[PDB]
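What follows is one chain in structure tokens, specifically the form deposited in one PDB entry.
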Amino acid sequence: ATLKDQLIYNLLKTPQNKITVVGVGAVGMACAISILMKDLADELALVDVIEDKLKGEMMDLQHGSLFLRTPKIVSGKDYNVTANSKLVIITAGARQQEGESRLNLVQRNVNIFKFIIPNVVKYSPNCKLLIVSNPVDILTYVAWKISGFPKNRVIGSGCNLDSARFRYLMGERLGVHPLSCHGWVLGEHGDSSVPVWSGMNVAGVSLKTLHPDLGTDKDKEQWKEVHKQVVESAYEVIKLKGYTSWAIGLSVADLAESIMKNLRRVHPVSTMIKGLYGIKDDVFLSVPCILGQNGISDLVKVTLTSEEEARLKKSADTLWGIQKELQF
């Protein structure tokens, strides 16, 4: 008699909260570990083109199962392992080098998405797509176009990380935890991001009202340097360690939490902003969105100054110029 038969009496012979991570590099694995440690999924699937690395990463995670509450960890080059995922996170692709723009990655990662997106949609037609690969705003547009999904189920990580870094720096300046420091960085996840100085507050006390020179060139405290630091942060980290991983992994797990738990929390994520701020094109960029079980259900209509709105329009114009030049 088998030991299993002697020990266990079987009564009877489909995952409810499945998450897939595409690309098991530094970003993909940081997302995976953060999601597993937050108990967001009952099943985790991993996909990559490098079969050895993929099997090794899956095994390393599986060896930690005793310390996790995610009972099934799967991987494969074939997308059948991704079937019936509630959320699919795309982190596959070329990463920006020291001093290189994220916009220089566009043709390399567009070609990667041309293969990935149809495979993901085939096995999880009702999933939400969470794009992380750079340039995140353009690649969210690309994923939306290739998938044919409604705009609500296509989300780019966007400025959730930029806003998180801004709040970290704000917190460091004021001696307050980032959770209690409120500030929004919108638009392009990159060089043309927009700091909304008007919305900056601690305990609902407007920083701009207290200090009218906030973010202007008149400012003796040079608060504009906080946003420069945000723009330059990725470049700085890339210069020091070769890539960024932990902060984005944590930012993704935060977005995944609101989606998986249907929290309806407000996050700055890449979404289609056509019809807002005089944008007439199919441009994707970060604006505050209500995140839940159906992805982006609503958009917060931020009151911007004429200067803030102009900066956002410049960001959108730059992104559309790149987007027009794409063939699918």
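Just so we're on the same page, rigid core means the largest C-alpha set that superposes within 1.5 Å between forms. Shifts are known only where both forms have a C-alpha. Numbering follows the first chain given and starts at 1. What changes on going to the form deposited in another entry:
Just a single entry of 202, 169, 103, 238 exceeds or equals a 2 Å CA shift between these two forms, which is 103 (rigid core superposed). For residue 250, the Cα coordinates differ by under 2 angstroms between these two forms after the core has been superposed. Remark: with the core as the superposition reference, the CA shift of residue 94 between these two forms reaches 2 Å or more. When the two forms are overlaid on the core, a lone consecutive residue run of 3+ whose CA positions all differ by 2 Å or more between these two forms maps to 94-105.
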Given for the second form:
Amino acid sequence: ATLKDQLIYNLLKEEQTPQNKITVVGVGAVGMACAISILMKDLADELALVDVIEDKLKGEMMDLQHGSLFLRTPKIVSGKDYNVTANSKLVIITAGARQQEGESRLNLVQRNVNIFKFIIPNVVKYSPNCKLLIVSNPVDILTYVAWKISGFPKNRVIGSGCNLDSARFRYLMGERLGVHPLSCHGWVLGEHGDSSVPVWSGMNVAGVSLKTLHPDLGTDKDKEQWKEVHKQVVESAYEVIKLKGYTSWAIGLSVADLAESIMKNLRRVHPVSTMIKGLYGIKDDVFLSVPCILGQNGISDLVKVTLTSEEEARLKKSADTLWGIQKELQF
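Cool, the form deposited in one PDB entry is there; where's the form deposited in another entry?
So it's only the chain below, everything else dropped.
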């Protein structure tokens, strides 16, 4: 008999449907950072990777598998064919178009739409019950696009949104105050990147509102120029890109944190991009970041942050601009 049969007496065969499966789509730097972060937090019992680039895909799989001894995720698989993603609880999309010399925000989004029209139906075919976490940029528009193509109810389509923006805000807040980011509390909401909104009113340490100690916080009337902290959040991605080519590590950690809440049904509150029609005067099918309760069903609830009229008008303006673009798309 074979060595294996001499060593091992089998009791039964027949596998079970995978219980805690995560899929990552796109094995570029962002996707791989999400993968390694997920593996190191033991969030999945199986991890599938999918991309069109067959060699890199396989290479990344192999390199992760070679580290199996040091992990507690016993099945890692990959393939260009989406059958490898079947029965995933959570599917993380990082795939997208790359920008060139110019050219047009509309053009850029349209090329992602085209890429999504292939990816999204493939994902829903094999994991009809999954939650979709959209990480690709521009994330708020692309969460809309994934929602539209999947036909998934809004609770199961989530955009990473201002999750990383807020964690960046808390880091920079921590640097200034000499306090770990965990104990610095602060929310950046609305549209990811340029037009995000720093909610100065919720900024606190140990429940002490920075705005109470310092009423002019964040305005042009404060000597400490905390507005600069929000600018840095907006600008920090551009600087990292300029310096190393791209962002990856912070997005990976940020995403694993969302995955943790989802996979473990924690019901923690995260700033993620969600369909906000009917909130803040918004009447269009648009996704923006507000604080959401994350769990086994995706977004079960959201928190209604009291915004000033200025803050509401910023979110409304963002919604208008996003809808302006989405209205012109074809799928």
